[PDB]
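Next comes just one chain, in structure tokens: the form deposited in one PDB entry.
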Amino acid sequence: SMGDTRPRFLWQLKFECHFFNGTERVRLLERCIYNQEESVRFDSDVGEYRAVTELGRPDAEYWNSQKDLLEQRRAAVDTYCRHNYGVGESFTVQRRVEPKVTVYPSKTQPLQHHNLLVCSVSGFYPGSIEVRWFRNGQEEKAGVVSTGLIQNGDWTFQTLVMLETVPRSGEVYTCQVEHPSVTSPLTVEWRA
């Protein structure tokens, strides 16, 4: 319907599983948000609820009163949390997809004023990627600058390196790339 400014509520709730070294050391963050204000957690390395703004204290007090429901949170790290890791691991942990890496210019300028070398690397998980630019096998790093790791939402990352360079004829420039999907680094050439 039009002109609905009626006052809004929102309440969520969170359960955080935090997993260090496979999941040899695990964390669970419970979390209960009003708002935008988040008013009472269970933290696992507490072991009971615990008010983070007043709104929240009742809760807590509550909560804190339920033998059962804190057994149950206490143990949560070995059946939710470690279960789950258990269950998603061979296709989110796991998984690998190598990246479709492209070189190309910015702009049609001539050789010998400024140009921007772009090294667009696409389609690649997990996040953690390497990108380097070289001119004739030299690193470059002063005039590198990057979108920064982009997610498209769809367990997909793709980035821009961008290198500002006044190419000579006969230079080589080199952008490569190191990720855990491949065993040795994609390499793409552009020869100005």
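Definition used throughout: the rigid core is the maximal C-alpha set that superposes within 1.5 Å between two forms. Numbering follows the first chain given and starts at 1. First, how it differs from the form deposited in another entry.
- Relative to the superposed rigid core, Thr79 undergoes a CA displacement smaller than 2 Å between the two forms.
- Taking the rigid core as fixed, one finds a CA shift for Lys107 of 2 Å or more between the two forms.
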The other form holds:
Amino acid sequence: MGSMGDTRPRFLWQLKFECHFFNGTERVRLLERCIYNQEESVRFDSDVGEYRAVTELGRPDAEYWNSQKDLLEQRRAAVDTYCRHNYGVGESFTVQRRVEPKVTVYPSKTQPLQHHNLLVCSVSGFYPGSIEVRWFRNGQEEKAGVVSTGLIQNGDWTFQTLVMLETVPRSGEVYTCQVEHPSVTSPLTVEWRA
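Next up, the form deposited in another entry. The previous block was the form deposited in one PDB entry.
Left out here are the partners and the other molecules; the chain alone remains.
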């Protein structure tokens, strides 16, 4: 058993400095988290202003660092010197990043029912993640028979999602996959004619 060799015990330490931003940079919270294996042990929360043990294993560290007044002063000012600074560094290509989805409609290769057409709307390559993907039959929004995969992160600063609709095609109908997204001022639409 075991899918990999070298099964010696492992020991992991993680440090996470989280800058949380509300309403641009009007409200900023710094959360410094120290994690041993899978358990946070001590943290500095800028809303608190000093280190606090999260587990007992972290109590000695909170006590020692809280005795170091230069460190505390630097960490308390980090919401400005660190969080707001780094926010301004990348604001134009992160906060303001907008990438338009590509929208494709096709029948599923799975067609389980005669006189039905299972349609797939693929929405790929977009940023940020907030999106609406909606099916229409003529001018009528379809709410029944819709399944979505939800957001999928691709790892390259784009997302994709898949939304399917079971249809009973009738002559004269047009089915539209319509996408609302911050990258476009008018919705993207792609049509499948019955």
